[PDB]
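Here you get one chain, nothing else, as structure tokens; it is the form solved without the partner chain.
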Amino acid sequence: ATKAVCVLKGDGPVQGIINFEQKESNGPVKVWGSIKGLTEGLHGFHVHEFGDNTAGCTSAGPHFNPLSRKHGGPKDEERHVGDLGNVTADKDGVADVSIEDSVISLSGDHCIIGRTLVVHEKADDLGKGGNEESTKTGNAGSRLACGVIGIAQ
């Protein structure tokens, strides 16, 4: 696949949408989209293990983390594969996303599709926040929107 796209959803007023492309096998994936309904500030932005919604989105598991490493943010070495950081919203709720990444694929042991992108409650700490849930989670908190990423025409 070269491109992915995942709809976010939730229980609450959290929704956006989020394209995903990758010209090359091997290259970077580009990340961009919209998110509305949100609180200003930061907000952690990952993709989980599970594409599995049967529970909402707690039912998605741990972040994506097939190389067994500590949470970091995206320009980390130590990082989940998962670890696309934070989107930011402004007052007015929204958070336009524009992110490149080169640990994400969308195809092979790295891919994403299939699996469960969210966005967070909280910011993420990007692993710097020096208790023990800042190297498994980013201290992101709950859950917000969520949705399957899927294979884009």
Contents of the next structure:
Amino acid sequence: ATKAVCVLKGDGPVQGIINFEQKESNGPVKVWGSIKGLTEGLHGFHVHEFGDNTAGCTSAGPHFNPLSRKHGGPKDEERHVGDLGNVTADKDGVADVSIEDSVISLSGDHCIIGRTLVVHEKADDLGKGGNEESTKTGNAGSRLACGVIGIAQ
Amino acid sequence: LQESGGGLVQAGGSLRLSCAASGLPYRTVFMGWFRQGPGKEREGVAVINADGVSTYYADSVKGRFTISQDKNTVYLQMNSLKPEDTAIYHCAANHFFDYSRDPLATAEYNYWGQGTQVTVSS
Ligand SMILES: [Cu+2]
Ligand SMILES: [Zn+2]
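Having gone through the form solved without the partner chain, I am curious about the other one (the form solved in complex with the partner chain); can you provide its structure?
Below is the entire complex, every chain and molecule, led by the chain shown above.
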């Protein structure tokens, strides 16, 4: 029964707060919260490997990929552990987020506590872009905001 | 996704379907039942979340069908069956779900069962 939280911040107007909750080990993880300051439309949403914010979102490394798979969408079996797809921002620029994933975990080997949550400028193409950059990052573009994922009460 | 139950039943009667997930890469987020009637498009019937409590029912089966969960098996108790319920019923599942999406839409599920015939006479 673990809980986690992430405060997302960047150089710009993108910011928000994302909660995680896992009532059972190896159970699904609820992920929910809100992000604001986004251009309308889809934005890539991933757990990156390192919780290193010493050089902004850049020092967070690549997508969290302990099983060395290709980048994919969260529904797929061929995906990085950190591949959480897209969030969607309305015309106000507010992406309400409410998803549930049993690939990530708040315990064990796929644990994401202490790693980085990142929201991107462009839409994640979910590994369908037909080039090798798609199978690596989904062409989500630059990192607009990030935060370290920390244990919550 | 192994399905059991099904078959023929007279109108008004009851039938229990079940589906046990075996050997899946990760735990299921949603698991449930879709159906395809003669000549029609596959539609969602009932799904249930990993918590075993949160459910979604097509409007056409509300109050007659009840999905529940054990064994990581799900059960579909079908009561007051009508000829319009005749269909091939597929178990289905995912390991992720975006609650902005439609939980009874086929596109939100990529694990699937082989199918079960259900025929309601009269
Ligand atoms: Cu990313
Ligand atoms: Zn990825």
